[PDB]
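**Q** Given next are the chains, with one letter for each unit.
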Amino acid sequence: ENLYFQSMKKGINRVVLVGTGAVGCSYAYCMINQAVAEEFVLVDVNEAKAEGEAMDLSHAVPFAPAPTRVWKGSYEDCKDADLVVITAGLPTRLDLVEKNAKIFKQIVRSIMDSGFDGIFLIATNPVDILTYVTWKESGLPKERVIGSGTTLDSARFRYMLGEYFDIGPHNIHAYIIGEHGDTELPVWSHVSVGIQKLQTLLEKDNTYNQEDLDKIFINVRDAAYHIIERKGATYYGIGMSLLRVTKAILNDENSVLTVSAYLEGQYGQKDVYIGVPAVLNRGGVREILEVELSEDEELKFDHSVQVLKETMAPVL
Amino acid sequence: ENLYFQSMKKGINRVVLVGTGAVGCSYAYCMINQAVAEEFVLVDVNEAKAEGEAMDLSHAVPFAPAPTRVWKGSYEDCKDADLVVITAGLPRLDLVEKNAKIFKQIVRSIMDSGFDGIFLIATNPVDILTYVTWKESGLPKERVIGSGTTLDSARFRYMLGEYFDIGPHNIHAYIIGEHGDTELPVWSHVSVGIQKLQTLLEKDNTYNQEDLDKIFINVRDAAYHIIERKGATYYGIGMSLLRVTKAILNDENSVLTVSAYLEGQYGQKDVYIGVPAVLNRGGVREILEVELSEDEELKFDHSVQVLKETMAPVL
Amino acid sequence: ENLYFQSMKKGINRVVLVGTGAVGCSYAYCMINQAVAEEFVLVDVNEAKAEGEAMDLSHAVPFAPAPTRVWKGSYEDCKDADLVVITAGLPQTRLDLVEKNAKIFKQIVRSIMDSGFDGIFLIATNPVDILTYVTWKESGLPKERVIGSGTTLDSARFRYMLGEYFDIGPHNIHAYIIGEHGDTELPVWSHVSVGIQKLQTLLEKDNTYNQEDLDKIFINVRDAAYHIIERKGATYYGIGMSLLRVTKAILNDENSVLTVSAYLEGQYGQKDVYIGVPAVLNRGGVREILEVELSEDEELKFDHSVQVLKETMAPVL
Amino acid sequence: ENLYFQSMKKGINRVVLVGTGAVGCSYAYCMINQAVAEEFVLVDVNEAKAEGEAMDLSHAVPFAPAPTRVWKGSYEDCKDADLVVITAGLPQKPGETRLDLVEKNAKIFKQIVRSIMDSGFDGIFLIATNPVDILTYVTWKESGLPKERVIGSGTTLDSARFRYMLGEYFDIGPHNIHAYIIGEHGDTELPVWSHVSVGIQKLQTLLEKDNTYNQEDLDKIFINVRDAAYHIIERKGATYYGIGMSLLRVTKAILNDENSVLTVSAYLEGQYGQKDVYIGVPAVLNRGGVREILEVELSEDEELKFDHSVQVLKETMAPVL
Ligand SMILES: [Ca+2]
Ligand SMILES: [Ca+2]
Ligand SMILES: [Ca+2]
Ligand SMILES: [Ca+2]
Ligand SMILES: [Ca+2]
Ligand SMILES: [Ca+2]
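Protein chains in written order, with PDB author numbering: chain C, -6 to 84, 90 to 314; chain D, -6 to 84, 91 to 314; chain A, -6 to 85, 90 to 314; chain B, -6 to 314.
It should be emphasised that the hints constitute simulated quantities derived from the structure, not laboratory data. A couple of the hints might just be wrong.
As the list claims (entries may be wrong) - Pairs of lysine to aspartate or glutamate, DMTMM-like flavour, derived with a Cα cap of 25 Å: (1) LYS307(D) / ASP93(D); (2) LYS72(A) / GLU32(B); (3) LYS103(B) / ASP115(B); (4) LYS3(D) / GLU32(B); (5) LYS3(B) / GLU44(D); (6) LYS140(A) / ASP164(D); (7) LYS307(D) / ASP164(D); (8) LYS213(C) / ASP164(D); (9) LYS195(B) / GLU32(C).
Stated by the list, open to error - Chain C stretches covered by chain A per the calculated footprint, using a threshold of three residues with CB under 8 Å from any CB of chain A: (10) 125 to 131; (11) 201 to 212.
Beta carbons are placed, not taken as given, at the ideal position from N, Cα and C, and that holds for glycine.
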């Protein structure tokens, strides 16, 4: 009775969001449309902002498929949280990192000091390093701190290829790996067009070419640029990527997503959170999927890894 | 072969959006999250704003439940459109006169595209502009629809649900009249699940009309409280528009407080105003009339008269 | 390590179905179509039948929109279960029906309780209200955490048939059947709404509706199973969706309103029996019963429903 | 007025299911849970059954997340139908030859199809009845319709089972296993081992980089797909839940214009070096039915077995045309 209330509270899915701007709120609105989590709690530096955001999302619930309980809370709300999503943060690359780090050192401490023992999903930029921070601050197993990594980049890549191959993006199997940013790399060697092998379609002669494909990846790399170019900021893209990861985690999917994950030998690399294809479930990152990269992608991946470690080097 | 392509194109659902701000884009993201329509086309005065918005939205598609084809287009894309949603305009009587003029360019162009689907108008002052849209289009009145008081009903349901500790999906509650300060709650027809509100307010329960009075004021003035805090409102209506669109596209025969044209119901006529109405693939099937309490009947009649006075110098 | 792996198993939803016939496997199918549980365990005396259903049902999973893990298991798997749904039972005097299944049910519940189960029971086996009471006694569990499907489907049939009559979709018909699930149950005519509109005002204002039609509507709801079973050998699609819907109210902590078998504590002037009534369901089970003021005709009939129920249950307890 | 009302009837999706047994009604049940069509019509020779299945399925509608209009109807109702799903058929009674199985259902199909075309139907046929590839060909002949708009369920369920069992084996959710069964639905069908992915990973590379995994287990996994129906069938009588979801998924690709990839029975025109038969192959489906066949470079072992599959299919079809 005393126990059953406490168990009911724990048996449902609570997501706490920390950082309630457009990326935070785009993701929340995704959660409400799809009714993923029973409780969804908003925490911001700006009280009013988070209060107003929770009001506006709350009014969407009665026209949704099913209820979510959406409210403005605080670090306190994280105790029985299954998942903590952090977009929160502030704007040389080192100044960005070293600032976000101390900011993240406070955020994480308070969440740990709440009795939180769930999963972290880190969406703040630079995502790969801040996931590493969150891990190195939380004291949690490395499989339990996750970054959005190159998921959105992979989605952008699938959309674009689907267009180029005139096929639904849901049937395009395509991945980008490495650090999220200008050093990420398309895994051409493992692109599938439905059942079809990219390299075979390239073999055949038949209007496809690596030149059209290179253009596609640059269009991925610089997507944010174009949107920023054209509406001021970007959020709809990541909102849905953060949702897909959350489903993977909360609904224990064993699904493959290119999250920020900690390498322990795979791809010949280690000691980094980096974008790689990984199986996700209720426990977090179950395993990183290794593939034989082409010698070219190998140089590209290894280069991404070493630049990342160089970015961390003076900050940690 | 020639025909089958043409008919396949027609067999699916195309939604054109005209007006691509937060309100428009929140609705678009709801359609994408929920994969309602196969084609969703964005048009705005800003080529680049519509282009960026379709880019950002399109990259959500590969992680959505099912595909939608999302692109930036033009009034041209309105020809095979099943539903045109309009949130557009430019920022009581002053605003009304220009919004109306601009709506005459918008509507004509869409008509001149060969469009013969349904209109959903979401631009404030919603009730007047739905009337405008109708008067310009030449379409039957049941095929031009406004968002009306759907969002105020949902807010009302959300708050009552809190008050009664019950999911809002089980609160049956409506606000009718003109969307704005003149709207009114239909207390006489509020159900708390199975429970008649009045029978709860007669019992020995901890409820009282004064708590409820404060709830409607909190409903009426909700968007003030939200703007005050985050700078605007768009999530609320985004889903309200989603709801109307499903009712229409999926032929639901479902009841929603849209803006519909009165031809006698509630003792009133010759306005589009918020009322409970059955929607389906054909638009507004019928307005549902209820015996309002004497006070509810007095407030509805007032809302109507104010509306007509607002429209008088414009029409 | 182990402590995270065990918390993982708690941090997902698991349903275990006892009885894998027509009814439970239909429920299973909705549960797979709708991706409601991460885990779905089929239990049955006919151990081969459970293996085959789990095989056949699992095969639908890759083409479902989201995955569920589905396997034939045992009562042991109830340890971390959030909900047990029981459908096992012996077909149709009423008194013999009751003894045969109370015996069965007592063994079922005891076995479940042994594994360490500390979740919610949902009962569907006819006689539903009686068997819900039986389960409550044997489990020792709080009354709230023990629920029957009650008249939820009668209620659904009622809304559908009313939907047809008034020409609006059934999701907008607000209407309830209450009482002992069977031929003593009743429609609460006094609290039927057609969208925003009240049934009583509709019958009285300027139009052509008559209670005569409406009374027939209830008889079709009451005889529906009979009407179905004569045409196609049993009724099961409707009941599956009923169970889907009760299951979602509990696991998704909805606080929604369903006419499930719920434990009376003086609501409607009656007490100390399980019977179909409007209840509010959440993750804790039944959060509260919703009492309404029944017309004197409805109160007479609910009274009768409760007295027959008590008289049916008494000689066997 | 009635030109809007008539256009409304076109602006919604209507499916008419022919045959209301275990298979068709499981499909119906999926269709109701997922709110995929506005209208759903049950048709059956045994008019009693269709009436009660319609009643039963209808009663689930109010508790579905969204509504569907469900009724027992007739061929006449195919006029504005978008899709006719045909599940009517006759069992292969043990002791009888396939040629009698094929023959019973060729004649029945011919008249069914003729009856349908009569009412004015101008939509797409989805066929599930055994023999699926052969009966899809029968429907194409009789309807006179374009090859694209006449589709069988093919190996789609086999592909689903393959993914499921491969999922269990690699410990990844099936939705992330990209794997395909092709050929004639039955005991000549084959897995395209050359084109199996486990998430990102290529099955060949997975085997080649150090491991326990051996093709030996995988070969066992494929045998269990081919055999699964009989494996399910003894433990519970008939198999239907899987095929119901398969029909749901193909319906969704067609009515929702997905351009998604599904191993349906599709009319070969030189792909895989074979032609002029309906057979299970990876195809792109949208609102126009089959948009195209996706040809892959099969292994030599795969190319041999697909040759055998088509050769046996062509030979079984012959004496009954
Ligand atoms: Ca939890
Ligand atoms: Ca869930
Ligand atoms: Ca259309
Ligand atoms: Ca659990
Ligand atoms: Ca149609
Ligand atoms: Ca649809």
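**Q** All the hints need checking, so say for each whether the structure fits it.
**A** Hints versus structure:
{"no.": "1", "hint": "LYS307(D) / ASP93(D)", "result": "15 Å, holds"}
{"no.": "2", "hint": "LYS72(A) / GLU32(B)", "result": "43 Å, violated"}
{"no.": "3", "hint": "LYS103(B) / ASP115(B)", "result": "17 Å, holds"}
{"no.": "4", "hint": "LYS3(D) / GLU32(B)", "result": "18 Å, holds"}
{"no.": "5", "hint": "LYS3(B) / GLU44(D)", "result": "32 Å, violated"}
{"no.": "6", "hint": "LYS140(A) / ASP164(D)", "result": "20 Å, holds"}
{"no.": "7", "hint": "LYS307(D) / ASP164(D)", "result": "39 Å, violated"}
{"no.": "8", "hint": "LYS213(C) / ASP164(D)", "result": "55 Å, violated"}
{"no.": "9", "hint": "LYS195(B) / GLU32(C)", "result": "39 Å, violated"}
{"no.": "10", "hint": "125 to 131", "result": "violated (count 0)"}
{"no.": "11", "hint": "201 to 212", "result": "violated (count 0)"}
Figure legend: structure checked against the earlier numbered hints; hints not met, in rising order: 2, 5, 7, 8, 9, 10 and 11.
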